[PDB]
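Presented below, as structure tokens, is a lone chain in the form deposited without guanosine-5'-diphosphate (GDP).
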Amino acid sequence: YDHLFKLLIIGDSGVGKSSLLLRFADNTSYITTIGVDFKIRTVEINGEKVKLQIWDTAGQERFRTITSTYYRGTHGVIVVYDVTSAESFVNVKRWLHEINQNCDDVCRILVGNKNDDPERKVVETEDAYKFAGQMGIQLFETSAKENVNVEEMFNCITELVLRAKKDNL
């Protein structure tokens, strides 16, 4: 490998993080065994070999706010909400505020998952887009079920992290 990067995926249980982790992985969870899981994705961006490892932990929904200690050592975060659950979004705003205030060096993107059932959707696109806009971050709406916009989303965080690293060099 040429580069290694470490990602976190955060969000309420029931937002599809594990389905997203399945799409992420090269291969084919321990989340209900040791409360933690990691997946490995390898990708080539402009000839360069990159290995991404992403980490999830159990029961994150009980954290009103995920504090700065959680993010040490991490290059990038995928903050996931569920477009059919308004509470998953509110939490995600708190987390991205704490990130903005205490960890602005970390790349993060916002992700609205389960963009699959129109009849059940509650977080409107312009709302999330407006919040995304004011945090200076990019937003993706995805379906881990149908596999829609997921690759686009992963390639974004991957590119962000690769550029932060070269813009630091």
Contents of the next structure:
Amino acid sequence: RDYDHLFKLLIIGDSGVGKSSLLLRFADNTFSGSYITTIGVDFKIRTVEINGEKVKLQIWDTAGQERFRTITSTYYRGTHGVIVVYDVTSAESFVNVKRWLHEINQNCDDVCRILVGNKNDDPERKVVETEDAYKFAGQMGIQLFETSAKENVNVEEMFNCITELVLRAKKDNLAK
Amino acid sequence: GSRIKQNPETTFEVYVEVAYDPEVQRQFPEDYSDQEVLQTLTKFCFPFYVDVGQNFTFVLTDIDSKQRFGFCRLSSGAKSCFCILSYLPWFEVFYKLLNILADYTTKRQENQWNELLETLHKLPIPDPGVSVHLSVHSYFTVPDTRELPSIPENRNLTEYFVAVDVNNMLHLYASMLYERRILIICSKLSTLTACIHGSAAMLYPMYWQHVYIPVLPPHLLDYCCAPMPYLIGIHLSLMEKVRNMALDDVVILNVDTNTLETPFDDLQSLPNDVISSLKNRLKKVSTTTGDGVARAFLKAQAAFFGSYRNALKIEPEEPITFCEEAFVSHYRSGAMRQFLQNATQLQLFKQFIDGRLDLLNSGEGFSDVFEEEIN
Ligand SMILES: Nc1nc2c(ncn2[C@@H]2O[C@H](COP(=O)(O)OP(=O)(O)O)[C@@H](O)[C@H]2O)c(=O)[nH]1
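Same protein, the form deposited with guanosine-5'-diphosphate (GDP) bound this time rather than the form deposited without guanosine-5'-diphosphate (GDP)?
The complete assembly is shown below, putting the previous chain first.
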């Protein structure tokens, strides 16, 4: 109706990495509460105008993803792009997203994806160093964003990137 | 891979009486302070548009995707609802308890009401078979959830089997094995949530791993647009709203009319020998009495997934792994070749395997009916 493009996004990451806090920065929703602990799923909406094109994004999250050592390809059906989040202060959160990103590479290579290291706002507690995440990002051919949802640093840039990726994918595929 | 809480702290979290925006009239514990949960309960207790049945069980999912059961008892004309929220999947026990508490409430027996709830809330959770008294002359035995559900003892399976014809049971099963988005619609809430619980239970030893909402209240209708796999029940009064969403690639079962819409060829694509054998068992009286229905689906699951054992690479120096290439490259039909490859993409199969791998590499030592059925 009131937009030129609608895209469906997923955010994935262990519980506690700051996905809901990222989505709060993301959202246009009047009600900001989350239904993760109600029905085990939550969605938020953002509309943005990029070079004159009205773009609407849905982003969906689900509960307890840390129990999935691998998230399999049925999860990603119908989704245009994925925001893959770890916590820079949690080694275990990073090992999970690496498995997830290999599975996407092998079984859902058509989906746009970016890697996000959240909670990048306390050097003393940082465990996943930039170099190692950046190296992994390069190997997988994807971009890395280290963010602080808490301080609202590099969040907008991170969202702009996945938004622009899915927009480009739509245009590239429209062109044959 | 179960989403049942294995070590609940109490027999239940909170009990509420809700009446007509609906409000909590009464609660236990008296000092229960989660106003977010209380508010949520008021909406899930009346998950339909006003203008059926008595019992039904909704599920709230928590942050690690474990399940809280909202066992409900609806008043005569949907004027009020009695609900107990618990991690224990004891449908028959809590429906009974609700009846007792409702009659105490009716007869204004405040002391018996308080005593029953307090005694229950303080009770350390007992082992299966232990006697728990409702009264002096009445007791239930703690259920053994490791057993297959039996008809008519198990309310969910019994109501599911009564309401849904065999072809539609097969279509639901097939859709789950492809991890479709599945919507069940019914005018009776008891029937609605029984169909969701009962059908998901047929996946045993696997469990539905993604969105699971036995009944969805209208204020959350937009969640039918979720793109990940889901299993969602809605009351018939919400159907027009859903019809409006023009959902693409969703399996929809109208239970009232036993009409199933699916854009996929899932049931026909499954290995025909397995499905024939299942269908035939389901059609006989002799093999559908007692635990017959659950046994039939268990045998199908064993026939579909049983070869996983031969893909367990057990090379010393640790640890036991699952070899997918081995799994998908040994088959007794072209249809199974395709099935096994599809199975590697299923979250319900992934959680089953990773759970086995953990359990095996632990050295725990176990048994269940699935493994017996494989043997
Ligand atoms: N220090 C810091 N804390 C954060 C950040 N983002 C979220 N948190 C905190 O981490 C906790 C979990 O975040 P939440 O959004 O609820 O996690 P979720 O389970 O992934 O959705 C909350 O207490 C947040 O305030 C961040 O960028 N920096």
